[PDB]
Structures are given as C-alpha cells and as structure tokens.
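For reference, the chain that follows is the form deposited in one PDB entry, supplied as structure tokens.
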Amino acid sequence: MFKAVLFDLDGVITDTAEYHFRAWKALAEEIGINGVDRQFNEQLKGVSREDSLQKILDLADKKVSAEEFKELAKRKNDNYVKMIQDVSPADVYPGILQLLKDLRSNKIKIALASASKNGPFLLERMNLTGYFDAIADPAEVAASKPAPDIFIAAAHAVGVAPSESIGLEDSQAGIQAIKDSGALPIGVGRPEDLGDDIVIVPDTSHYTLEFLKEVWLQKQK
C-alpha cells in the first residue's frame, strides 16, 4: 500500500486564487484601474505575480517604471497577506479533512507540495497543521512544476521515496511533476486540462482513503 500522500494546496486543499483576486482588486482600485472583476480574475489562474500585474496595467494601457512596477507587485503581496487573515476552516475543500484524518489514523504520511510562500500560515488558518508530517519549502526547490523537484522534496521530507506515494493535483503542470517524480498522480478536474493517461476525479469529495487504496491496487498490476 502507498505510504504517503503529497498534496498541492491551491485547487486540492483550498482555493487561494480567490484571495489573490481580492488583493488585485484592492490594488487596482487604489491606483484607479477599472475592470478587475471575477471574470478578469480567471485570466490570472496559473499566472505569475509579475505577469498578473502587467495584465492589470494593460486594462488601462498603463506604462510604469521598473521601480514602480516592483513597488506595485510588492503592494499586491502586502494586500494578499492582509486578505488571507480571513482564511478559516470553512475554506477547506470537501472531503479533504476526512481524508487527512483517515490517512493519519492509518499511519500514512501527509506532506504539502505547494509553490505557496504562505503554505504553513494557510494550513494553520485552516486548522490543518496537526495532520501534516512535512511541508516542502518551495524556497528550497531549484525548479517549479512541471519539474518534479517539489514532489520529490515532499516525499523525502516524510521519509519515503516518491514511488511509495500518491500525489493530488488539479493542474497539468502539477500532474507532470507528480509523474516525473515517480509518485502516482490522481488528478481533480477534467482530462481535457490534465491529460488522458491518469486517474481523474471530478471534485475533491471523491478523494477518499478507500478510493486511493483502490487506485493504488489497480495500478500495481
């Protein structure tokens, strides 16, 4: 049986993209740029802070100095940190808490494999820290997803080889990282987005210890 489960944060444990939205909306409003609404915020899924800021400046065909651009990106981060004070256990996706409990009670290791620079804070706000055996520090990984580095780090941090692990992800880049680490991917989403060659569930309520065990056994033959 698998010995560890390696979780991304955004799209699996919780949605952080909503707080990123509030932070950008606040910045846009402060600098007098209209049009940062929920629809626009879809154009920011998977997008860097720097690329996101440029898309916001583009709403007003606005050109800024490199120093001002840096300062605006900093202010957005300051805003995001304020916004996420409101994260709570209500933010936890369906099925996830019961999964974490069941993994823990069965002595299956639990690690976070997220690019989030706020991962530990966000797990604490959601009252989940006590379930995690490790959090892979994204500041210590050389290469981001789709590179397998973060998943390899998460597995190692709980004393397992990735080959002993399942990885849960909602993004194509993250599924590729799981694959290339040697861990078994189980995606949440659609094959159109994630790939046609892995097991996928439609939402996180399907991530049960029973289902994971079934998939693991089905994939060992």
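Residues that one form lacks are left out of the comparison. Positions refer to the first chain, counted from 1. Here, rigid core means the biggest group of C-alpha atoms that superpose within 1.5 Å across both forms. What changes on going to the form deposited in another entry:
When two forms of a protein are overlaid on their rigid core, residues whose CA moves 2 Å or more are considered shifted, and residue 25 is one of them between the two forms. Superposed on the core, the two forms barely differ at residue 157: its CA moves less than 2 Å between the two forms. Put simply, the smaller rigid part swings 38 degrees relative to the larger one between the two forms, by C-alpha superposition. Against the superposed rigid core, the only consecutive-residue run (3 or more long) showing CA movement of at least 2 Å between the two forms spans 17-77.
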The other form holds:
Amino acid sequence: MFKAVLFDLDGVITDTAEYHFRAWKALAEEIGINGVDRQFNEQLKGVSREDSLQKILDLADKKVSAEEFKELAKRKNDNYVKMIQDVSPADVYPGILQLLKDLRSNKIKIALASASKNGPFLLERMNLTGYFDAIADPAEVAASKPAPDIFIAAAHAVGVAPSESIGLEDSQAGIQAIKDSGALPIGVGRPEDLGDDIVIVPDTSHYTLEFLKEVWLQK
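Target state, the form deposited in another entry; input state, the form deposited in one PDB entry:
Shown below: the chain alone.
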C-alpha cells in the first residue's frame, strides 16, 4: 500500500558519519574548540552543514562574520570531499542494493532524505544514481533533523504524501523527523538509542521489501 521509501544516506546506505565527524573535529581543533567528541557528535548526527558548524561555534561561544562562517564551512567540506573520493559500490550496506532493485520492480518510488549536499556525488560513487527517483535538496530545506522538513521534501519530490511513505533511519533525530513528517519509521540500530515505540532491525540486511510490506500492514 505504501507508495514511497525515503532513505537517509548515512547509516542506511553507507557510513558517512565517521568521515563527517573526523572532518568536523579537525576543523574545531584548528580554531581552538576541543569539545567535539563522539558524545557531542550525537547533537551533530544527520544535521546540515550550516547547523552543524553553528553548534560547534556555540560550544565555545565563538562569534564569526558571515564571510568567516562560509570559509569555515568550506574548509571542512574540502576535507570531507577528499575523504570520500574512494567511496565505491563495495561500501553500500548489506541488503540495500537488493531492496532498491525490489522496490523499483514493484513500482515503488525511491527518494533520498539526507541533509548532505554531497548526497548526489555519494550515490554516484556507489553507482546508485539510477535507483533514485528523487533526492531532497538540502539547500531548499530550512530546518535540520529532528525537524520533519527533509522527509516531507523527499516525499513531495517523488509526488507522494509523507503519510503514504516509509522512512529509513539509524539516528534518534532522524526517526523523530520521520514521525513528525507523517511517514512510518523503521529504524536500524538499538531501541535504547532510537526509541521503544518504533519497529527496529539490528542491521540493514533485514531491510527487505517483504519486511517493509509486513510492517506497513501491521500499522
């Protein structure tokens, strides 16, 4: 009965979080902010480039001009773009390629709901461009996760209502974003991190078309 599946990139399709964290931590340390650790990164997980930089600057109560803000964001992005040059189809998470093919076969729309402006480049690196009907443009999204914005945009991009879609995420902020969009969340990870009120799978191999069809019938 569902018309679309809204995929986040990070933690669902491949791991980009680790590279992003290292690049943000490196930037923070260059400008004297040493508080960007794995604990603080939970507030940074899945969040846009601009909102992630502002949260890092707020940690040390640092004031910058608009030109300086854009220079810091560009500096980190250049570092991140270098880190991901070697991303290949071998980096696609287990079960994801088969799920995409099975959704395409059943005429179910596929959309990306990532806050990353590097999303199209990453799907190209992984040879997944053809499997996506639409990619939610983060440049046209005014609020980062937990806000529903990116997931609403992902659904509208494929011509469907969020209530007619399933959202896949690995983060708490992302799951809340799917809930608030109207879409049905199916998380990948642990209940203590993602929530006890949603359907959760331990890893991406469990994300099959038949599992998604069953979760939707049981809602």
